[PDB]
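Enquirer: If you want the building blocks of each chain, they are given just below.
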Amino acid sequence: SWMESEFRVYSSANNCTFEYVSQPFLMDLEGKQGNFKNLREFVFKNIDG
Amino acid sequence: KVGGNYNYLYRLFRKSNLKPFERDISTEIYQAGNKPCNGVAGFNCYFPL
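Listed in order, the protein sequences are those of chains A and B.
Using the working numbering, you'd call the opening residue of the first sequence number 1 and step up by one each time.
Using the working numbering, you'd call the opening residue of the second sequence number 50 and step up by one each time.
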């Protein structure tokens, strides 16, 4: 059960001026005794930039 | 300048009118003729910028 550090998703970058490093979005609540899981819900929309 | 400042470029040809508050810095060769624009330049193949 040891697996992590995949990284290197992309190959190269270019001109860009947007950076929003911040606190993470999803939090995994502790699940115990089985039959107890959290359903992550996400919706994304794009209007007027 | 007296010789002319050619440091400014503007798009002239596009597939369709863009939505408000959008950016498109892509450079390519618009299909302005029946013959497909292979590359470089030529007749019926206009460079937009």
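These are calculated hints, taken from the structure and not from any lab test.
Among the hints, a few may not be true.
Pairwise CB distance ranges (calculated) [said to hold, decoys possible]:
{"id": "1", "chain 1": "A", "residue 1": "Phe7", "chain 2": "B", "residue 2": "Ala81", "range": "40 to 48 angstroms"}
{"id": "2", "chain 1": "A", "residue 1": "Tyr20", "chain 2": "B", "residue 2": "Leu61", "range": "32 to 40 angstroms"}
{"id": "3", "chain 1": "B", "residue 1": "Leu61", "chain 2": "A", "residue 2": "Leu26", "range": "53 to 61 angstroms"}
{"id": "4", "chain 1": "B", "residue 1": "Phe62", "chain 2": "A", "residue 2": "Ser1", "range": "51 to 59 angstroms"}
{"id": "5", "chain 1": "A", "residue 1": "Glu4", "chain 2": "B", "residue 2": "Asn93", "range": "50 to 58 angstroms"}
{"id": "6", "chain 1": "B", "residue 1": "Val89", "chain 2": "A", "residue 2": "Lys37", "range": "51 to 59 angstroms"}
Here a beta-carbon is modelled for each residue, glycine too, at the ideal position from N, C-alpha and C.
Enquirer: The hint says 32 to 40 angstroms between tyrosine 20 of chain A and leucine 61 of chain B; measuring C-beta to C-beta, is that right?
Expert: holds, 34 angstroms
Enquirer: Okay, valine 89 of chain B versus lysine 37 of chain A on CB: inside 51 to 59 angstroms?
Expert: 57 angstroms Cβ-Cβ, so the 51 to 59 angstroms window holds.
Enquirer: Taking the Cβ atom of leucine 61 of chain B and the Cβ atom of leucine 26 of chain A, is their distance within the range 53 to 61 angstroms?
Expert: violated, 45 angstroms
Enquirer: Okay, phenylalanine 62 of chain B versus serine 1 of chain A on CB: inside 51 to 59 angstroms?
Expert: holds, 56 angstroms
Enquirer: Please test the hint of 40 to 48 angstroms on the beta carbon pair from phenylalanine 7 of chain A and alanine 81 of chain B.
Expert: Given about 43 angstroms between the Cβ atoms, the range holds.
Enquirer: Taking 50 to 58 angstroms as the hint, is the beta-carbon distance of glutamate 4 of chain A and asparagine 93 of chain B inside that range?
Expert: holds, 54 angstroms
Consistency note: the structure conflicts with earlier hint 3 alone.
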